[PDB]
Structure formats: structure tokens, C-alpha cells
Amino acid sequence: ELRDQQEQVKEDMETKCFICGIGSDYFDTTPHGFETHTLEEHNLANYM
Amino acid sequence: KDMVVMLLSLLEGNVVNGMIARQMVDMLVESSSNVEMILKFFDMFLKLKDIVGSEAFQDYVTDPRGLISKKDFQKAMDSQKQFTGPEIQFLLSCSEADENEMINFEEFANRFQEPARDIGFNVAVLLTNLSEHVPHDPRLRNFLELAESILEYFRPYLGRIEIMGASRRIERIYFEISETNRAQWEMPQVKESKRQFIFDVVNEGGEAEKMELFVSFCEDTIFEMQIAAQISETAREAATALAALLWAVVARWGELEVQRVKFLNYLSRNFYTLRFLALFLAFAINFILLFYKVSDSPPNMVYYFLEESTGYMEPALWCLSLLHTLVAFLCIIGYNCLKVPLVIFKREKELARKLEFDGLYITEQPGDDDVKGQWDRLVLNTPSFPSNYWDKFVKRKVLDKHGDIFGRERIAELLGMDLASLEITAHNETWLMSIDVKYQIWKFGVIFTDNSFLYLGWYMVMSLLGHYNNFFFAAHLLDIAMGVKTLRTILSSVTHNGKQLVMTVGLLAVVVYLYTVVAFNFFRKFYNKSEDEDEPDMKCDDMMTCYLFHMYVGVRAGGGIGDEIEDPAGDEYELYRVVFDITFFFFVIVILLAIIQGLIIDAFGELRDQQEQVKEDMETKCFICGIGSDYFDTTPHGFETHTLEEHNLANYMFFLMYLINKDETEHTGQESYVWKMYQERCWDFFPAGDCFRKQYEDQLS
Amino acid sequence: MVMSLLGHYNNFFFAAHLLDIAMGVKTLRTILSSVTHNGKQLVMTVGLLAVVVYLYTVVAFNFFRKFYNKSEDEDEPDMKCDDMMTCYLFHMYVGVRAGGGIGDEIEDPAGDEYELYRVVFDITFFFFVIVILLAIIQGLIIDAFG
Amino acid sequence: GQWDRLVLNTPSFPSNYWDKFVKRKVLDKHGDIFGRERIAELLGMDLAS
Amino acid sequence: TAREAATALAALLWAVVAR
Ligand SMILES: Nc1ncnc2c1ncn2[C@@H]1O[C@H](COP(=O)(O)OP(=O)(O)OP(=O)(O)O)[C@@H](O)[C@H]1O
Ligand SMILES: Nc1ncnc2c1ncn2[C@@H]1O[C@H](COP(=O)(O)OP(=O)(O)OP(=O)(O)O)[C@@H](O)[C@H]1O
Ligand SMILES: Cn1c(=O)c2c(ncn2C)n(C)c1=O
Ligand SMILES: Cn1c(=O)c2c(ncn2C)n(C)c1=O
Ligand SMILES: [Ca+2]
Ligand SMILES: [Zn+2]
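Residue numbers (the entry's author numbering), protein chains in the order written: chain A, 4942 to 4989; chain B, 4021 to 4253, 4323 to 4341, 4541 to 4587, 4626 to 4755, 4766 to 5037; chain C, 4796 to 4941; chain D, 4699 to 4747; chain E, 4323 to 4341.
Excised from the complex, chain A in its bound form:
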């Protein structure tokens, strides 16, 4: 269960944007939606 938790942390981080919640689903229709979204639109470091 612990190992599943560390795996789920990475899975949720990669399939969902932390800043705004939903992600990689509506953006997935646009090519490279999630990558651009997390690099420019909604990024954790840019808020700090």
C-alpha cells in the first residue's frame, strides 16, 4: 500500500495539474496540451 501510494503520487502529478486541478483531459485534445499547460499556463514554481 505504501509503494502504491508513492506510485500514485507520480501518477496523479503526471495526469493532473496541481495548480488548477483538472488537466491532461481537456488539454489532451490540443496537441501537447498538458506539457505546455504546466510549462507556461499553470506551473507551481511560477506562482512562488
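Misleading hints may appear alongside valid ones.
Claimed, not checked - Label pairs and their calculated CB-CB ranges: (1) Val4830/C with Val4950/B: 38 to 46 Å; (2) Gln4933/C with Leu4790/B: 30 to 38 Å; (3) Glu4952/A with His4728/D: 56 to 64 Å; (4) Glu4326/B with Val4830/C: 49 to 57 Å; (5) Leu4331/E with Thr4977/A: 33 to 41 Å; (6) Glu4902/C with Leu4668/B: 32 to 40 Å.
Hints in this document: simulated from the structure, not taken from any laboratory.
Beta carbons: idealized from backbone N, C-alpha and C, even for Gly.
Once you've looked at the hints, dock chains B, C, D and E with the ligands against the given chain A.
For chains B, C, D and E with the ligands alone, kept in the frame of chain A given last:
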């Protein structure tokens, strides 16, 4: 054919309900009798071959000459009843009669087959495109109904793709798939590569990697097809029964050059069968090996062979040793001639694309981080760098691209061409001496880099050294583990959790070492494994001996360290030792060993689950355009329609090969556009989440 | 019926009719069908275990013949690992069944030659053939039933 | 299929099937393509007449 | 059970667990 090509090029680019398509069908109606007559001609002369090839028509043949009379001709096509009476009369008028009222069925069928193939295909393409673009056309329904047999015959050769590249509008493109392409695609040699690629690309999961590796696999598959085309054309009884059962379950001066070529083709054709039979010989030699026995003196230890019918099997091992060695060497030659070109093509393509975009040497900073990237250096200077790759102008293209910035003369000496005079002469327009050394060093270096070739080389070393000691053929028994998929997964499960496994093994070693330290510091009195009181053997007075004994006994036994410990009854430290023994049991037997076992079995379970999930995801959604089956469960038998016609995976490689084959000036607008799009190495022509139905559901009907 | 008629010839044969309980109950039917559900992987796993124990027995015959004495009496030293067939049978009968490696059966090392190599061989046999193969068989069967 | 070939050319072929007229349907479907005599020999029927 | 074997085992263990 030129007529219909012009017509369909005129129609190209139309919307679902456009004036062009409406006028198209209106004009087709305006010549209803004429187009119907043409379609009837095609239908009759196409069903002609089906009629003639049938056994029912063959039964009416009653002449050793092989020519059928006109009366029997009419009777046969009356029995078939496919052709109407006036149609049979017209066919009789068309008969190439030899003045004896006898007509050759074979010549009559074959003569009017080759010239009409292209035009029949084009007419079928036109009719299919009109039906697809404008479904609500009652007038076109009659023409489609008359175009029944022609469409069915030309359907396997026909293929449909739905790339979107113009004005963000999805459109359909049709082309001709030759019989040779599909026939060679049906070869299971490329089918296995298809399975491996469809596993690997889904395993990777990269968004752009999908299309990138798809195109890379298409290029590699085309190269493999080229290679294939160029190369084609008592206890003994129980032990014997067990071996048979195992085998059953597991199994289920120019003349010199001509001979060399024939030998290479022979080895390349049945390399896999050669490997299988080599495995069987390894089984046989190990089985024969299973009957040895040692003795004190020869018939000075002696390894002498003894069993019933020595003449059957003692020379058998002797001859099969050499036979296995020769078979394995032929296996090396076959592997060198078969698959090494494919990997060298992969590496050449990868380095060329890196040199073009990443510009590894125009920037001249490999960094020496990767040994492969460093070894990539020697081969640029060789003129024969791009020979294996289909393109050989990548060096000149990169020169023209980036020599204005980095200096043309700088990369003139780097990329291996003689000088700018070499390109000037190119624009102007013994075999031993033609061999370039550095290219060969790079070639065999990358050959010695690949894992499969080293596995086969280790096989060579073992087979050659097996004559030094016959027991060394037991190493060749590992092909079973390296063969069938289940044992390959079993072996890979060990390496899957390598980091975790080694770390927990280290943790177990740490725990046992700490327990050894405390056992020496407190309980050195109890470790008395000796029986005779005259010469006691204290198992724990030195660190190394005590630690070795712990690692050897405490973990292995399962009961704990106390099994070999003298019973602590009625003595000091009795409770301080019962605590130590119970915590040894609870921390070394029931947890850590269980942790390792669970790690191994869960790694294997995860590997099997991922293998099943690959096949599942194969069906949940189509990976070309990233569309699920939800839109097509709304209609009966829908996802099959998508896979077969809309975004079929097999038809894309046919489309690429068809683009390669025909010349540039014959490309249509869509074909030229997709050619340019691929040449730019930008992948947006793919549907990319947009199917035709998604755009045109309103008028799809 | 055939077994029942055989039973009249010898009553002992009526014991084979007790297997009908398995087909009678759904749970027992699933229990027996677990073996044949994943029998493909199980057969090759058994083959792998046989291959591994064969490698270990040929290694033992090549280098460890003098540690395989099983006869307590010194008058008649019974060399269990005297021939390939006998040594392989002895391993496949005792080592896997014991569950604690072959060290329970082989005479323990007393600091003689090959002591380090002997302990490495014994520990790797224990690991590979106990913690890996038997555990995989157990997990495969229980996971198929689950 | 090799074993079920044996039950084609015998009477009372649809003993348990609801439809006892499958022979006529198979005839009317495939006799034109495969010849009436061949279908008659295969299906075990006496004759088309 | 000599110095060389223990040294090699400890070196391999440290090399693995260092990273
Ligand atoms: N708000 C967010 N900030 C950062 N990453 C996010 C965010 N939301 C989603 N992600 C996803 O997490 C990924 C990065 O996560 P993480 O910090 O674990 O990776 P990293 O390996 O440290 O990053 P990188 O190698 O790109 O520097 C992003 O590429 C993106 O897919
Ligand atoms: N582009 C695609 N998108 C989604 N599914 C596809 C696509 N192309 C093929 N398929 C799937 O392929 C399946 C056919 O696979 P099948 O069981 O016939 O064997 P295969 O592994 O593809 O090998 P082969 O056809 O070469 O014998 C179809 O049922 C379909 O689901
Ligand atoms: C000859 N040829 C190929 O063989 C080829 C290709 N693209 C991929 N391949 C395999 N191109 C553009 C090409 O001209
Ligand atoms: C009389 N009958 C049947 O007996 C039958 C059937 N479908 C199945 N059976 C058994 N139909 C359609 C039918 O008409
Ligand atoms: Ca043109
Ligand atoms: Zn699609």
C-alpha cells in the same frame, strides 16, 4: 483512366454537401445509360473470371484440347444464370473463335483483365467517394447497386485514410494497394515485428513518441520488406519419458561467389528453424550427458560413460557436439546476414536525424557522457556513412543548412566529403580497394555493442569450449529461459525490481551482521556445534566465522538461529536469549524473507498485468488518432468499421510505400501536401484527435 | 461406471469415486479448474525448476562429489552423488522438499577446501530454488484461483 | 467438420432441429453456383425432381 | 571467509547502496 483521374482531382477538397459533388452526381445521372453500360461491361468481364475459375464451368469441359464449344459455353453461363441472354450473346460475339466453334476460356478471361484494372479501380474509387461524401443521394443508390461486383473485387486493393492537413478540415484520401505489398505484409516475419512494436509504443506512452516511433517502425518495416524480397527465393525409462514430455510441452571462379550467395540465402531463410534445432541438439547432448558416472580408477578420477547399448550413444555425443558447434556457427552467420542490417539502419537514421536537428557535430559537443555517442564519431569521416540508409544526401543537406552559420569549410573536413569541389563535381555531372576501414571498425564495434550479438557470441564461446569439458553444454540449456515468452518474463521479473531487491538484501545482511555482533558480545558461550568434548569447535569466536555461520544457517533454516544454538535451559541470559531468538525469527524469517518473496512475485504479477493491459489498451482506444470506442458503440458493429476503414493501422504503411513508389509529378494535392509535411518532419497531418465522423456527424446520416 | 465395475473386482478402487465431490460443489470445481486454468505457465515453470536443479546437480557432480555422503556407517560409504542420474534424482527429491536448502542433507562445511564456494553454492541454491521458484508456483496458483 | 461431414448424406439429418427443410433452403441458396447434381449428391436428397 | 572475499562483497554492497 486519365478522364476519371481528372474528374476525381476536380472533386477533391469538397465539403460533405458541396455544389461540386451535387453537380458530379447530377452529371452522372445525365449519362445514366452510358455509365450504366460501362458499369455493366466491367461487371460482366469481372464476373467472367469467377465463372471460368469455378469448378461447375470446368465440369462442362469435354475436350483434351482444352477448348469449350460455343453451345457448351452458352449452356454453362445459362446454368450459372449470372449473365443475361443478350449478355451471353454479346460474350459469344466477343469470343476469339478459332473457326471450329471452340473458344479458349483462359485467353478470353485474361486478355481483358490487365488493361481495365486501373480504370476499374479508379471508377470504384470515384463511386465510393461520391457515396461517402453525399450519403443522402437516392439517384446515386442505383449506380452503387449496379457497382456491386467491381467494388467487391477492388475493395481488397483499395484503402482509405483520413488525414487532416488543410484549413483544419478533415478529409478522406484513397489510393491503390498492390497485391505484393499486402502479400508481403501477411508474412509472419513482419507480423512478429508488428507485435513487438505495438507492445513497445504502448509501453513508452509518449505523446509525440507515438507518431515518431510509428514512422520509425514504418521505415524499419519497409527496409525489412526490402531485405526479405532480396533474400527470398528402471530409472532410465522414467528419465526418457520425462524428457519426451518436456520436449512435447515445450515444442507445442565465379562459382565460388554464386555458392556463397546461395549459402547466405539458405541460412537467412531458416535462421529461426536453425535456432530451434540447435536448442533440440542442446537438449539431446545434455540428456546423453545425464548418464555419466564417476569411479575410483579408469575402466586419477575418471569420467567414464556407461549404459546399455554404448555404441548407440557414446559416439552420439561425440558427433552431436561437432554438429551443434557447426549449427551454432551457421546461426551466427545467419544472424549477421539477417538482422544486423536492421539495427545498423536504425543507428544510421538516429545519428543522421541527431546531426540534422540536434546537430551533434555541427556543435561538436558530444560531452563523452554516452559511449555510443562517442563511438559515433569515427563513421562520419567515412564516405560510406549514409549508404545503408535510403537517403544519402543528408550530409549535403545539413551542409547547405548550417554552413552559412558555422562555416562551410569548418564542416567540410568534419563530415567526410573530399571538399566543396566534391559537390561542385556532383552538380557538374578492385573490390578490395573499395572497402573503407573506419566504416568496418564502426560496423563491427556497433555489432559488438548490441545485446543479441553478444548473447550469440557467448553461445559460441560455450559451444567451442564444450569440447574442453562435455559438462559445459549445460550452459546452452538457458535457451529455454531465453526462448519462450513465459520464461523470458520470469527472468525479467528478477531484474525488474533489481534496486529494491538488492537494497533489501543489503538490509537483511545489515540485520544479520548486527545480530552477529550482539551474539558475539553476549552469547559467545552458547555457539557450541561440536559433539566430541575433547576438541570443541566454537562456531563464534571470530567475527568472520560467526557472520558466515549466521548467513549460512540462521536465514536458511527458517526456524531461527536457535536451531543450532545449544538449548538455553537453566542458565544465565536465558530470557535475554529467548528475546534474541524470537526477534531473530520475527525480523529475519517472517518479514524480510517474506518481503523479498513478495517483491519477486509482485514484480512478476505486475509484468503479467502490464502485458495484459497492453492488449486491453489496444482495444479500448485507437492510438493513431487517440479516439475511444464510445462514439462507435452508439452504432452497431462500429469499432470494427473504424479499425477496418477509418483509421486503419495497416493501410498507413501501404500509403507511405505508395508515396515512395510513384514519381513526384503524379502526386495529387493531398499526396503532395502529405509528402511535403513528412519531408519537413512535422507531424500534424495525422488526425490527432479528430475523425471524419466527429466533424461531419450532422450530415453523415 | 468403469471405476465402479473395477470396484467390484477390487473394492480398493471405490476410493476414486470420492472425486465426485469436486464436481458437485462450485467452489471445489473452481479449485480444480485453477490448476488447468494457468497450466501453460505452470508447466514451463516446472521445466525451469528442473533446468535449474539440473545445472546445480551437474555443478555438484563436477566439484562437490566428496560432500554428498549420506550413509552413516563408514564401512559402506553410499555416494549419493556418484552418477548424474542418481545425483539429480536425489536433489529433486530432497532439496526442494526440505524447504531449507540442500545444507540439511549435505555434510556441513568444516573449514575444508571450497568452503566459501560451497557456502555460496548452497545459499544461491536456497535463494533461487526456494524463495523464487516455489513462491512463484504458489503465487501463480493462488492468483489464478483469486 | 471432418466428423460432421458424415451426417450430411443421410436421411433425418435435422432430427432435433426445428426446421426439417434446411435441405431445400441450402439447395435454393447454393445450387445455382455449385450445380444441382453436386448439391443433390452432397446433401443426400434423391433428386431435384 | 578470507579478506579478499569479504572485501569484494563489502565493495559491491557499498557500490550498490551509495547511490
Ligand atoms: N503545477 C505543476 N508543477 C509542476 N509539474 C506539474 C504541475 N502539474 C502537473 N505537473 C506535471 O509534473 C511534471 C513534473 O513533476 P516533477 O516535479 O515530479 O518532475 P521533475 O522530474 O522534478 O521535473 P523536470 O525533470 O521536468 O524538471 C510536469 O512535467 C507535469 O507533467
Ligand atoms: N488502428 C487501429 N486502432 C485500433 N485497433 C486496431 C487498429 N489496427 C488494428 N486494430 C486491432 O487489431 C485487431 C486485429 O488483431 P488480430 O487478433 O487479428 O491480430 P494481430 O495481433 O493484429 O495480428 P495479425 O492480424 O497480423 O495476424 C482488431 O480487432 C482491432 O481491434
Ligand atoms: C527511397 N525512400 C525510402 O526508402 C524511404 C523514404 N522515407 C522512408 N523510407 C523507408 N523516402 C522519402 C524515400 O525516398
Ligand atoms: C416452430 N419454431 C421452432 O420450433 C423454433 C423456432 N426458433 C427456434 N425453435 C426451436 N422458430 C422460429 C419456429 O418457428
Ligand atoms: Ca502534377
Ligand atoms: Zn479515429
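When the hints from earlier in the document are held up against this structure, which numbers fail? Going through the list in order, the structure violates hints 1, 4, 5 and 6 and respects the others.
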